[PDB]
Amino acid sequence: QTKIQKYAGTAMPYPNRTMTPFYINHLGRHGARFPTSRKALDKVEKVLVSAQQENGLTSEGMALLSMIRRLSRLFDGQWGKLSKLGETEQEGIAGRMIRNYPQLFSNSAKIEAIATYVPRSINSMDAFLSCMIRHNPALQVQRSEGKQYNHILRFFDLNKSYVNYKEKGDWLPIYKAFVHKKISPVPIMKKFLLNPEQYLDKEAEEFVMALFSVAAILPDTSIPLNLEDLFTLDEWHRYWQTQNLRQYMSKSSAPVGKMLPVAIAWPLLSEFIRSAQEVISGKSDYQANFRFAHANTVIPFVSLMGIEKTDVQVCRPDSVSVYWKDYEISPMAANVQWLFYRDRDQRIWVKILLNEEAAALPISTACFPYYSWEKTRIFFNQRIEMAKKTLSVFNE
């Protein structure tokens, strides 16, 4: 809703969302979580504590230092866990699904859910399932999780060329150059430190970036404290621009990545198609397949699907934010749903929802948002073929 929330990017909480299908194919990111790393917090504290020792803090800086120490105590032992908000986000997603399509989850419908080995994903799965079971205890439920699903849910860890690109690829200097251009650390640090001009540009920038990082994740934690007012709206905008680019180039369809970050997702697109074909043919009789994973799962998956906008290949870094927006693709609890329908002539239609809003594909249909499954499957198999050919060039 608000521009300020949007600028949290992938850390934005899941936005407000207040015939009948025969099958639902789902992928969801875990819900709102605690920060995963204490690195940024420790950086901020270390700078403010060192300043306090040399009498370099303003009044606001002292108050910030106390706030940071408080957060350090609250975050302790909570790193990476799903928060209460994260649980409620999943309940809302499950609740709207049951309310919108009750016939599908009626009687003794069968559902399967899988998750990664990461606890926040498993807990997200469980918040979702508990809501399904609460609404219909007569559901048949298969629940599993773990590294057995790495190939489809954590492909971003398994591809050596991609891991290399992620850690040291040519996207790196472009990001750093972009940050230096967009983020002016002095006016921000002036609020907290006496003589902020004494700080070297690199330390000043690392401090400011770490502070943004702490402020951005705070709304996902359910802790009733807020740090958005540490920065102006313009500074948030600029920060978001940098993180948006970082995500785009490291995880999506940026020309610098050569579609490597997108191509690695094909086994999941392949598995989505297989689960659907098995239900359609009667080989499986599941009414829904749910999958719980990560932003790094959702982003290239959505790009590989070719949902309009999300796989744009933008050559100019400053243009990326106009065309590709991470908070529309992968907020907390980001999810893709394929809803399958059978018409009166037994033709199969599919509707794609991205965060519960109809998505477009670059194929035609006479009845948007519904697409012919036949056409859609053909398009998706071409995407998988393109993925494999891309991967054949970076054969590790």
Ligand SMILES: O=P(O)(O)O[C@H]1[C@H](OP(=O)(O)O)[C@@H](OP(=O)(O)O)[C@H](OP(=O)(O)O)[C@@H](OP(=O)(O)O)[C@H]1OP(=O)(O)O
Second form
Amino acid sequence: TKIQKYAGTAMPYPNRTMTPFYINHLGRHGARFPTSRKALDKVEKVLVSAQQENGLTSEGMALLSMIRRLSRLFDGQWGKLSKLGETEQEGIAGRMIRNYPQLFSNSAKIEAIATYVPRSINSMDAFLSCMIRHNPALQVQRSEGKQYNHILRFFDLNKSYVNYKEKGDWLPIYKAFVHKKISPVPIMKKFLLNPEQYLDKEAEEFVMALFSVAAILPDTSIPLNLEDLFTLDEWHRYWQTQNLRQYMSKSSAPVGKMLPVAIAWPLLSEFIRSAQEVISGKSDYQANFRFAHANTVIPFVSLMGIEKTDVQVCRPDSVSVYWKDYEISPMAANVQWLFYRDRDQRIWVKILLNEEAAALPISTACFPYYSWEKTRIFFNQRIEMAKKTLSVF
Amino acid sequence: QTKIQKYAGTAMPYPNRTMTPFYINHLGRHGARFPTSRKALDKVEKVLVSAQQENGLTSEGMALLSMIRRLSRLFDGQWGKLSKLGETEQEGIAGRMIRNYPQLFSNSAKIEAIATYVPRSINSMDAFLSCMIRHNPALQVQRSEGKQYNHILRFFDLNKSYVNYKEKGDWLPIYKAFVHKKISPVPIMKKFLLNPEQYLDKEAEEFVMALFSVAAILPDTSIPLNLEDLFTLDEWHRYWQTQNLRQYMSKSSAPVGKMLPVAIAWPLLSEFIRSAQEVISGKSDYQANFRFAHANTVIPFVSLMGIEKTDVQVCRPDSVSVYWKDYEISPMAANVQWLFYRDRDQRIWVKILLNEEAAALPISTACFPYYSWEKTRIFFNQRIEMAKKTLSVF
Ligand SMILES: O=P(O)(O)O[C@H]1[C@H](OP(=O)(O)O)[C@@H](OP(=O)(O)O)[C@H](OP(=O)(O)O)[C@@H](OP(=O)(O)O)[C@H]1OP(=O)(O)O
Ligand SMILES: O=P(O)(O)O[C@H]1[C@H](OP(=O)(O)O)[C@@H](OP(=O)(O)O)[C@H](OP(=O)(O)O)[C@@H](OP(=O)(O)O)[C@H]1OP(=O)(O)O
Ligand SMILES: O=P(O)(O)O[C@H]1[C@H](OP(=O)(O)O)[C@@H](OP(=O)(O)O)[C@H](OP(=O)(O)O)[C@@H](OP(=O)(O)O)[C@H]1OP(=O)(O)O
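The structure above corresponds to the form deposited without the named molecule; please provide the structure of the form solved in complex with the named molecule.
What follows is the whole complex; the chain from before opens it.
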């Protein structure tokens, strides 16, 4: 549904209901609780002040009661993987096993890594537990922690990127876009008597915080829904603003000068190396799994050059036409490279983005399968471009 | 567009389409048209008339025959013609062009249009040019058409190797088996005939495929009649898949065609580059070149440009509909526009529009949807050299 897409990177993993010799994987953690109480506290603070001064409507009184309930239910759960998130990983693992049982048979060896963040470790474990229940004779190497920061949390390690993310030139563009797209008064009219008395700044922060609470609720497995606080057109506009925020701060927006994308090259390098070692026999893993974050997936996909995902759109109002974050990095977003060897020992690779075949701007006579030689050369050119970009910052 | 509209494939009507360039380079298919051939209508009519003569029609069959007889009257004399809708489609494309780029077509701007010899393409050109001239009568206009342009607009009739492939190439066994798998005629015939069993599978499938064809073209004719509800949405979906596959295999980048259907379009791509180079160099003073032709012109031209999606090579026939959609490439009035811009540094940019939406090429640009013309030209020249190499094998 359009409403689910307008949750953007908070969208739940979508519904997804001859044999490769290797699978190379990167997956975001599954659906999670909100990481921060900031938006909830802001909504609550506004409605409480209104209640003190007799300023709430009937529905604002009901919203306040509901916000108070969510505050209690979110307490001690911030950033945790939800039941839905566990179920999402079990589905991804389960389909992979169902689709390629030969690959995971007969004491096959798999390795999984995760970041130090608990929701990513727990996503790894839900995935691996499914793997093991299906074939307990798998050999399994499991590790996680800050030792993987350079390939899984590179967005925390590059000084120029951190500065850009915190105070770079994309910020004024985003804020002007929000002011253009989001009209706070009609939304607040639903909840507050005399909403025109609120300054535009506080009105905007209230509404954006409320959208944030509503957008994450379907990821929590809590049986409550707030999608009807906003019309479909209001969700559409909210999504356009958050989509633009993700694009400019994490992807290939001209304002970022490809800095957000270039920082991902160590992960693309490690992907190529693990595949080359398996192909050569230096490694005999049947799969490498990696569990991380939207901030890992988004630039990695752009650096691979998956078609659409690395477009450089110069007009901010055109971004949503050409680049759609809910297609790139929903909850549990994942990239899988599937390697095949044909009868003449040639190596083919299929790229799956959220379990659907993805296109690269190189030729192939057998789409969705690409020549690995051609693909690796292409990816190496992308890494070299990334290194050149970083040499200027 | 609704699903039922998309399932009309290349018979889908042009979709709804409700800083200054110095040149526009255009190719357009004719607008919505009448059926070119009475074969399908006659096959449907002869089966229904013959069953009626032996009292073999259901009530729904009788209603369908009454409708088929009206269509035969209304199609009479009109075969192949541009319809009123086809005219309004061209007026909309020209009108939106004029509104989007008014400075290009102001004062005494010079434009040239060509068309094939086929009347619906000539009439589409004239619908388009009348809009131009009515908006600005001070335009200078050069108008021409005919078989003299077959080499760039109907190259699909001129290449012996391609004509042989189109008529008796290796794609036909694939297409016929795909139709047999996808189309079950018996449920449809039970709707209209008492005892569909007395028909062989061969004639039953011919009847159903003809009825689909009659129903698919009707929205293009401006006749206030409609036959979509003769079929379920799933039946339309399967019919569209078979016709999409036929277009892909006989006209585009299917592996079974070995790029022969696409390579034949290189004279038209070369002529696009020539007319823009002559304007950039000053040899030519035109502000636009317009060209009116056919789906068989547009489909391989788009694939030879390498517009993303449109040149995919899919070996599994069942996967084609997932990755290649003929209603997105060549609906009625399908058109390609190249818009050329000169920035403050005298650099040439080009924007490629497919059916008035920005198209992507597999080359990089820091200002999508605008590409460097130098980079684009070099890429297009590489596409032409590939095409010539493909043709030397045939
Ligand atoms: O720890 P935080 O400072 O709160 O950062 C989180 C987190 O970023 P990191 O995990 O990389 O540190 C989320 O990324 P995920 O782990 O969920 O993949 C991101 O989620 P989105 O990518 O969907 O934006 C979220 O944003 P939000 O709080 O709006 O949900 C963002 O929090 P901040 O927006 O405050 O940076
Ligand atoms: O069914 P298709 O003819 O293949 O078109 C689909 C359809 O777009 P429209 O129905 O509006 O024409 C999708 O809508 P959904 O069914 O997924 O809801 C849309 O997805 P978005 O609206 O999210 O853009 C998607 O576009 P996309 O390329 O982003 O997948 C696009 O597919 P294509 O245009 O690529 O064929
Ligand atoms: O007149 P025909 O020799 O029978 O060919 C026509 C015609 O092809 P050409 O005009 O290029 O020769 C149509 O193309 P358009 O002029 O309409 O653009 C095409 O239409 P489609 O591309 O939509 O298939 C049509 O097919 P149909 O009769 O099923 O509508 C096709 O007839 P053929 O089946 O003989 O190719």
